[PDB]
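One chain comes next, on its own, written as structure tokens: the form solved without this ligand.
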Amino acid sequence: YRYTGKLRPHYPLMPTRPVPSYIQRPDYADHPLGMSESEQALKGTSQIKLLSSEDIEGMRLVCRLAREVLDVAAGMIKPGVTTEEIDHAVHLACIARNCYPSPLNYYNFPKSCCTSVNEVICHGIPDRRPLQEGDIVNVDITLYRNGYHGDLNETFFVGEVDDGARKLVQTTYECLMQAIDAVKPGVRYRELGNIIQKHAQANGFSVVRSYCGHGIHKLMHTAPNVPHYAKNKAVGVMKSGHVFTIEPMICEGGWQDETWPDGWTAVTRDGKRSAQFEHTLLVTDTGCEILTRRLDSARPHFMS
């Protein structure tokens, strides 16, 4: 394998961390290849659930708990801390909130969150590399509680970073918020990509194509698929009661991605940096509710 950048995996990984059996488990947690019956059952469908009031309560709770866990990780971002240490804290925080860490054994993913440093676009595996000053790092948290999944992510600065890093992170968040601001009944899921790409282009950044936002509730990833790039073919129309994520991945260089031999880590083919932000959204009559919103601050962590 020829690596695309300066980053390398730092193995071995610590033994898989246990989840006490009192925590309720999604189907894939105990499947030997980490496959999910329920997701596959509905794979290939365009149909989009309309959540009940019970579903909404469930989605509100788990999305709030997920935000709390993301906030735990945010407080640990500093030079010298390894992504594995962050994942340990995250794993414990999920447990402490009576949630299962959704990534854990999802298609045999070996950790409890994804940490994506620099040229890692998404799905990085927490490992023994200490974070380095100048790094940008995204931590993506998904929790599962009472049958529902909640999903959010943010990119962070590791001490002082260069102007390029500042601009890429800022613009990515701005891409996210502009998309969210367009969400309400009757808007085509395919429109968000035009908004996202138009802002990214304008700042000289490109937009990852192979990964998208998604529906989420009782399944972790389901309809709708939601691309973040312009002129896309996504299918469907927003409606009050839909829940989905928007999670744009934006890059300094080109848009093309490839996967490390670990089968997960998605990196820029050119080795340039990528940043991402993500919220789980509920479409309401007037617009949408940001279920994974930060409660103790108007702003993401990187703005402090």
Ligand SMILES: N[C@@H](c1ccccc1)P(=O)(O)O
Given for the second form:
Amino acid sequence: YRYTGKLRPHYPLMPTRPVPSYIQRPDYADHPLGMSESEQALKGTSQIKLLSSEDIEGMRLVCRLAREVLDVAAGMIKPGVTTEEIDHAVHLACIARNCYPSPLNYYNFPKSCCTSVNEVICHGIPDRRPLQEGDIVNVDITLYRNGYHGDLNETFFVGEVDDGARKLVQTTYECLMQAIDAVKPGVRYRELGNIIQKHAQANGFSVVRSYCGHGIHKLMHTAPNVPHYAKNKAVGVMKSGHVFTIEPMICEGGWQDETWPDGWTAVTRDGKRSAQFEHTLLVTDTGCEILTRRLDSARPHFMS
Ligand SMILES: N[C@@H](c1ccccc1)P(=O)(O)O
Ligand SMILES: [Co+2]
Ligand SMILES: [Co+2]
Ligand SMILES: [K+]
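Could you drop in the structure for the form deposited with this ligand bound? We only have the form solved without this ligand so far.
Following is the full complex, with the preceding chain placed first.
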């Protein structure tokens, strides 16, 4: 395999971490290839669940706890910390909240969160590499509680970063937030990519095509598929009671991605940097409720 940049995996990985049996597990947790029967049973469906009130309470709770766990990871970000160390803390923090770390064995993903450094677009696997001054790192958290998943991510600065890193991360965040600000009933899901790409391109960045935002609730990934680029053909129209993510990945160079031999780590084909933010959203009537928002502080961690 020819790496696209400077980053390399740092093996070996620690033995997978067990989750105590008192924590409720999603279907894929014990499937030998980590396949989710319940997702496979709706594969290729465009229909979007309208959440009951009970479903809404369930999502509020899991997304709140997911934010708490992300905040834990955010407090650990500094030079010399490894991504495995971050994942270990996340793993214990999920268990402390009586939640299952959704990534763990999802289609055999080996860890409890995703750590994506520099040219990694998403789904980086926590490993023995220590964070370096000047890196940007995304941590993606997903928790499962009482049958519901809640999903968010942020990109962080490790020490001081260069102006390009600052502008990439800020623009990405603005892309997310401009998309969220358009969410309300009657808006087509395919419109969000128009908005995101417009802002990205205005600042000289590209928008990853291969990965999309998604419905989420009882399933981790389900309808709708929510592309982040312009002139996409996503199916469906927002309605009160819909729950889904928006998670744009924006890049300094070209948009094209490829995957490491591990089967997960997605990297820019050009080796330039990519950044991401993600929220889980509920469509209401005034608009939308950001289920994964911070409750105690105005801004994402990178500003703070
Ligand atoms: N949280 C994410 C995830 C976790 C684990 C495995 C695959 C994707 P994504 O849906 O945001 O890409
Ligand atoms: Co995520
Ligand atoms: Co997601
Ligand atoms: K990245």
